[PDB]
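We begin with a single chain expressed as structure tokens, specifically the form deposited with its partner chain bound.
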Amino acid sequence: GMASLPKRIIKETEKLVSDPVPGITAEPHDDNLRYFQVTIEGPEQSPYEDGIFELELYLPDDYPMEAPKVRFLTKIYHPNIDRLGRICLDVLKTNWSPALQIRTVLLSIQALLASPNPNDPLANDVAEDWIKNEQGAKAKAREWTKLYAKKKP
């Protein structure tokens, strides 16, 4: 565990702009390094590929002993994201340590968008749609992408 929380945050922010992850931006609030505004591009060859999605991220008191909090702001049709932005994410739950960092959370979310998981669902309706009616569910995800997400450059 680090001796200081804001020091850790500084170290991660510098490296986020220095060595960014493609398709993802992550920038803190000047008056609160614990709140991050995030956007993720929809992965190419997926229902979401023409959209850009907004997320809030937060670091709790005991970060990095405690995983970040994440919530989608953009309305999205996904087996693992519910109406209030909450995400079931394998990295958020069981697997956390100081070794993992905001970078890894964002990579994981990006990958969840590329490869949804209705087998372990959060939005049970969308999961039913995805298992029984896959192509149609994907099409609804496309419609919602252009309907609610912002367009790419």
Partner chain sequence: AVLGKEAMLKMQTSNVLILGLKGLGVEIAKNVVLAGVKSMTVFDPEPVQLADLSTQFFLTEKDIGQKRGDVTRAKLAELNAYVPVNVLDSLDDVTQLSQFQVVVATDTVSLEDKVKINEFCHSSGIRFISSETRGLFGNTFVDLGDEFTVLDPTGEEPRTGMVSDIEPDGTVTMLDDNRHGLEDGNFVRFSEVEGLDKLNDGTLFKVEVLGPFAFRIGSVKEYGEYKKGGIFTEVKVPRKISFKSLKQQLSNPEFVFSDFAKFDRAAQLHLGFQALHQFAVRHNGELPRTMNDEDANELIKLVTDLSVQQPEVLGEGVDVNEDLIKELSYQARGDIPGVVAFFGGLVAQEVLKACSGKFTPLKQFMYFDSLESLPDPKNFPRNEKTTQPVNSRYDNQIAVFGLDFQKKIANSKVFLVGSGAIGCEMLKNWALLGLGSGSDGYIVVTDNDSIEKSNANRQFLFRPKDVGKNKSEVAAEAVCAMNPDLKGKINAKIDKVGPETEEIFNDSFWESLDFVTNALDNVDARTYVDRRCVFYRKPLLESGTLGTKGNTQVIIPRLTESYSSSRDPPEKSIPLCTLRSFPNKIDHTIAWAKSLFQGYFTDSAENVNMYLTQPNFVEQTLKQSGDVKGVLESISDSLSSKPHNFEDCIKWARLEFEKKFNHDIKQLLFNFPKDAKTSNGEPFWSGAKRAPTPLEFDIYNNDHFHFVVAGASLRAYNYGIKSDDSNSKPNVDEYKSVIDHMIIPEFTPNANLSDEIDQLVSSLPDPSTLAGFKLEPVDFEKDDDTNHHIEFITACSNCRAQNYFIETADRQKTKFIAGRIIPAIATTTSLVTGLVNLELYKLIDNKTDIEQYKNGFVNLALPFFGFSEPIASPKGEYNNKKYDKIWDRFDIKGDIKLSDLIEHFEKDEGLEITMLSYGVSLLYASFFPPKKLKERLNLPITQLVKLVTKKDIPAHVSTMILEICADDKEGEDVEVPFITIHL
The other form holds:
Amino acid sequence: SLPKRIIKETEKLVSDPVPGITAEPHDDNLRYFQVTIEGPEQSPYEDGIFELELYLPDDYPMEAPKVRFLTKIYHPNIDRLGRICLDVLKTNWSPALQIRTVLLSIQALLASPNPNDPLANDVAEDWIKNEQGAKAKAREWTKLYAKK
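Can you swap the form deposited with its partner chain bound for the form deposited without its partner chain?
What comes next is one chain alone, with no partners or other molecules.
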């Protein structure tokens, strides 16, 4: 039987959604969600909508949700496979946290890329030394890969 906690979190996600984010169980399985996050206003991502897949593993909430961008995105803290570099998704996760907590952090990360992070990918240098060019590329990629 499906854990009560998952039913309760899902209901809250669909009944009172966070601004800019949509989360809906993919088909009848409540462990698989399709999530969209609007590109933050005043960011290179402002003209698009980004799609992410989120999975609740069998040991959730003791294990963190698994999340990945489906949409290709040019950002220093999101790799080429759409994996997100945040501690809350790794070592700092705990049952005290909720799915909503993670989506809020991801949305904030889009608005505040951190190229100085020691784990940033190779676009980090471009973002730091040629920011106008880096932001322009991020806007072009939004046009090319994100939903309008």
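Superpose the two forms; the largest set of C-alphas matching within 1.5 Å is the rigid core. Numbering follows the first chain given and starts at 1.
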* **Core-superposed comparison between the two forms - Cα displaced by 2 angstroms or more, from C88, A123, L107, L57** => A123
* Core overlaid, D31 C-alpha shift between the two forms, how many Å? -> 2.8
* **C-alpha positional change at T74 between the two forms - rigid core reference, Å** => 0.4
